[PDB]
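There's a structure below that I have some questions on.
Note that one protein chain is taken out, while the other chains of the complex remain in position.
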Amino acid sequence: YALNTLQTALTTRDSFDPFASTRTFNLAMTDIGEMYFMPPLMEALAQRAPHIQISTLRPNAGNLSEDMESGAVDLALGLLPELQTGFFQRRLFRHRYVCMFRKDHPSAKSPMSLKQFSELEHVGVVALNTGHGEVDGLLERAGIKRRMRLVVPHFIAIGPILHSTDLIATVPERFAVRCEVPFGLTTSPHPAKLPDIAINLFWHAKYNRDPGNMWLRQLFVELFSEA
Amino acid sequence: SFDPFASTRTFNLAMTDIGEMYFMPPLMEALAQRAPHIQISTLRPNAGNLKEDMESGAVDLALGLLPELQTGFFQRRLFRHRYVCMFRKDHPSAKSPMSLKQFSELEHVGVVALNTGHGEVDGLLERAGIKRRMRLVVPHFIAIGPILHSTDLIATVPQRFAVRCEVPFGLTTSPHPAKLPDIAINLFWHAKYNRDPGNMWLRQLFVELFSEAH
Amino acid sequence: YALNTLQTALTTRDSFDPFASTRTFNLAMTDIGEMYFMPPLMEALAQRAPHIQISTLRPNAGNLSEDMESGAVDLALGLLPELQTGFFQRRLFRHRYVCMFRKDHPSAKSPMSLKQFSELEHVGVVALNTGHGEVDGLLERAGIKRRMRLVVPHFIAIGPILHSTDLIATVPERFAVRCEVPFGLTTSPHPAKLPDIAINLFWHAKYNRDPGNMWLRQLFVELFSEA
Partner (left out) sequence: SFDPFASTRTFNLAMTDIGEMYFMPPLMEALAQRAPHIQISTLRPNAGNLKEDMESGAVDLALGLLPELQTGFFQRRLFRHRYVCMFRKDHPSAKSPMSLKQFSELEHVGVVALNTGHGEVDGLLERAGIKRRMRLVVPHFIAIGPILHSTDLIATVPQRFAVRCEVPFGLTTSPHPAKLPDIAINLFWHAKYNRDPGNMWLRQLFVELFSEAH
């Protein structure tokens, strides 16, 4: 603790010029994260730091905690409960779950009732080891019966699937927003009581005062923080 | 015997994220009318052990390149797709067909796509001396559509991914200026299930909707 | 399947006279279940079947599935997702979660805000391997910070604790109802979005047509079913 903090503060830190910097920042995030964060982020970086490189990865890949300590991963986004001691953290926003289907669905309504929700057919996404993976069990434990026509491991094909079928889906609202116009889809408030999931920004304490890290962090907070 | 309109069976299909985006929408549309009570579920080829799960009937069919699947597996060509180059339709400079000169001047989103046919792309472009300004690297394909919509980035991408993205994200494609090989996409099943009537029927459905032989 | 169903229907079944029956029914249920079900149940049985014996047990005790097959446990109540094939089932109601504290609390309000909820101190109950055990993680995953003054494994002492302190608790609403008057406590709607939990009545298929089982079942449905 002590000999580490005093060492991380006595070393000369690498200055950061956003206009000139050529450095690569590595960020951890889920697929929903990638699709939500990267478009506005890359748009902003085009005007603010034109020569940096961004590279993303999923939290499960590599060893996240240790990669963050060594500087190999600069930031992490999501829920990530395993990041505690050694890690600073800051809530960006709360995902609220919502209900999605195609705009010309023959029966689906907004606001959808719990009764209709349970009559209709569904595409589910497993989303293993993320907070969205908890959704199927939350619904099962509320005794909300679901005709599960299709289950997929991840979110990539949800938009296209809902476009061509009468299936409905339970998705984070920021996913639905990135999907409504492109695939011709509406949402409804979720008729089940689903809990929100907090999305946080995490950095290791070694880089709490690194100027480049501080600069990217504050960007994330600037673009994505609702607080 | 196997009756599509009454069957209540669960089929378990292994495919990549491109596979899922490409096969599933038209497949589910077909099933709405042909097998209203079956259940489909997908998984990635790297999830679990694919060979063993297919021998045991946990996984009914696999879609993709999949050179590992040799002995004990039948396979049937479904299509080849080329790599294509993608960008937003109102890109300030990008043109179709795009030149190698422009390709190398412009900024890119790469996707790593590890343990997949699409993961060879970066290596093949390096070895051909094709330099690339890699602004953004991502592991998978989910975010490419929206990223391209909101930036002046360009992506190298399988043609059938581009088919699912062009209209939705307001994008255009160009034939790829680099000499990239085509990717064969095959339907796979274990020998044990070669004559299983339910397998046969779904196999035949995939051929019908996705085979470009004829 | 087939040789079992035809065997369980060709055997003469034991008649049931509620007024005369002297038989012991064994029911599985959680502590919250015991406190909610047993008082009204025993009250009803005093007038309907005065000579039967009831005995309860927790689902984790013994081997529940196998004990139900053999007739050693007659019924089970709760969520119990492990009971599927071989088991009939019927939803009694849905637990909605609620917020509890003493009626003369200096600061607590109804309806409590999410902000106050997170300012105040809490008693938590772990409730391992039940749906109520999921609550702490649901709140953690919504980024709802909680000053956890006290944690207890089970619900027994919640009423008394809330009576003598300024702690608040997150409890099923039927628990709160069995507690409000006795311990001088109010509730508030929960400011967090918590999912309901379904409470079901389960019986094995061997006893689907046993008259005694059928009789107790229909009693549970009669007293406790909100549908």
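Letters are used for the chains, namely A, B and C, taken in the order the chains are written, and counting of residues starts over at 1 for each.
Just so it is clear, a contact is a pair of C-beta atoms (placed from the backbone, for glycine too) under 8 Å apart; a residue touches a chain by one contact, two chains touch by 3 or more.
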item: Of C:21, C:56 or C:187, the one touching the omitted chain in the full complex; value: C:56
item: Residue of C:111, C:182 or C:189 in touch with the missing chain, whole complex considered; value: C:182
item: Interface with the unshown chain - residue positions in chain C; value: 31, 34-35, 38-40, 42-43, 46, 53-58, 61, 148-157, 159-161, 163-167, 178, 182-183
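In the analysis below, only the chains that are shown with their structure count from here on.
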item: Approximate Å spacing (C-alpha centroids) for the pair chain A, chain B; value: 24
item: For chain A paired with chain C, centre-to-centre distance based on mean C-alpha positions, whole Å; value: 36
item: Contacts with 2+ other chains: residues of chain B; value: none
